[PDB]
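Just the one chain here, laid out as structure tokens, in the form deposited in one PDB entry.
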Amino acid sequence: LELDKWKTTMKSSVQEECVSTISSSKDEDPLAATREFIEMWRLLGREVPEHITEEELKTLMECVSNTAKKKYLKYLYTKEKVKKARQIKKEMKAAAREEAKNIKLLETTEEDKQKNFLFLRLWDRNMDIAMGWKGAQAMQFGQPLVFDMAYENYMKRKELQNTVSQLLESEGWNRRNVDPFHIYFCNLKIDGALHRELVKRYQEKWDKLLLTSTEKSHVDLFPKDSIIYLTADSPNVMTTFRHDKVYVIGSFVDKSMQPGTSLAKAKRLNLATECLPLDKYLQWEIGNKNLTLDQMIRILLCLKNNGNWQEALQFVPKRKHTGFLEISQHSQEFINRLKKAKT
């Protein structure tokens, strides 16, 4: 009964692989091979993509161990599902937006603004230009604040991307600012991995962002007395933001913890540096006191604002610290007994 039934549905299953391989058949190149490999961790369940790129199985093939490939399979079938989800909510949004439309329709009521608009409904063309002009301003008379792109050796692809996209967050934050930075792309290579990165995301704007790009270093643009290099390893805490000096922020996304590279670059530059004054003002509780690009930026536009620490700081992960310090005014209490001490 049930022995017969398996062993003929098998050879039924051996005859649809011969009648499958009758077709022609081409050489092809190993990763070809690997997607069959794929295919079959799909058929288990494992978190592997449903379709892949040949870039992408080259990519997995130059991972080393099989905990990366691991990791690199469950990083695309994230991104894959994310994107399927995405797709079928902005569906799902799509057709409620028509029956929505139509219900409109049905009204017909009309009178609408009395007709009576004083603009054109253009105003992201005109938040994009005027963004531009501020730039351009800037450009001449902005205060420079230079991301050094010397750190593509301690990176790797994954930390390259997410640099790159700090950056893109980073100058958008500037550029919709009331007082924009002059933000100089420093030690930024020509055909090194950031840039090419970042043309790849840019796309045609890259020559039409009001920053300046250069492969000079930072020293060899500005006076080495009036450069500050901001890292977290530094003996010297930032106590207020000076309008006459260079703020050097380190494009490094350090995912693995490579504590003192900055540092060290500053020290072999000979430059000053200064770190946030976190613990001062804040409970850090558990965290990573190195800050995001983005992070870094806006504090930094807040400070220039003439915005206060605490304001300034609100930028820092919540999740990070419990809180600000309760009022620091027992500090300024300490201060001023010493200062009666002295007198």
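Numbering follows the first chain given and starts at 1. In this text, rigid core is short for the largest set of C-alphas that superpose within 1.5 Å between two forms. First, how it differs from the form deposited in another entry.
Only one entry in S226, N162, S217, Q258 has its C-alpha moved by 2 angstroms or more between these two forms when the rigid core is superposed, and that entry is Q258. Relative to the superposed core, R42 shifts its CA atom by 2 Å or more between these two forms.
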Contents of the next structure:
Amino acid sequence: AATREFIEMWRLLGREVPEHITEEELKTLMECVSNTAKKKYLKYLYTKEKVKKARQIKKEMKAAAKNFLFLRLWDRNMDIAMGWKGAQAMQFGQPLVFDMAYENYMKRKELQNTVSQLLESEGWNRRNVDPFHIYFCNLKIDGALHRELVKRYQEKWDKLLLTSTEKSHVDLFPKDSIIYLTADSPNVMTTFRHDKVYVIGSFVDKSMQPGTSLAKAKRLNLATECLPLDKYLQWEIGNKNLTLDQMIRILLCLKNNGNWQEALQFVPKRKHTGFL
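For comparison with the form deposited in one PDB entry, kindly provide the form deposited in another entry.
FYI, this one's just the chain on its own, none of its partners or other molecules.
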């Protein structure tokens, strides 16, 4: 009512606000504590609207604009082959853990972004020649991460060739085999060991309190390692923390007998100047 008129008067003045707003997101706006939070949420809605209408316009543009051996059924065949390899990985694949205990240290924005990165990481893993066997540890059934994952995967969640457990990776695997990957680790990863379970924190860190993964690894005595980014790259900008999908791609490249340069090809080019 009044709010939906303030937002229109801001739209008229050239402010970054959504053209159309709905009731649930109006409630979300009113749940923002301060003026700056309201401005940020409104800008987010505005850019969502821009991108949605741009892609819809592109949809309209696209709409306006013998002896064979195989029927063209290629996508289904690829999916089924990936499923066979995923089952084989479940049986004889190397474990790769994703710790889901950071749900307390994340607000909604970074929780949703974490879910997106998890989806992309799993997608990259499925396509590989020798997939890992993935674990989602400390994933609480009633948690927010579980809800978002069962909302993004939908009815594929129960058909996913990975282990989802509400227990800890210190209970599923031997304590001495676990290596916990974190950028704050004093120790560096010289080589990829094939007998070690690697634990990646499903955590987009946008808090100003650093070293949470290291605290988790210390509370339960575990080995820690970090990628040798500084040794192999001329870092210029950006934090050393990499997205989960980049981490899994690097680990997959290393797993399939890849050198460190080929593996680190997945580090963003904007963050480093070149290779050494």
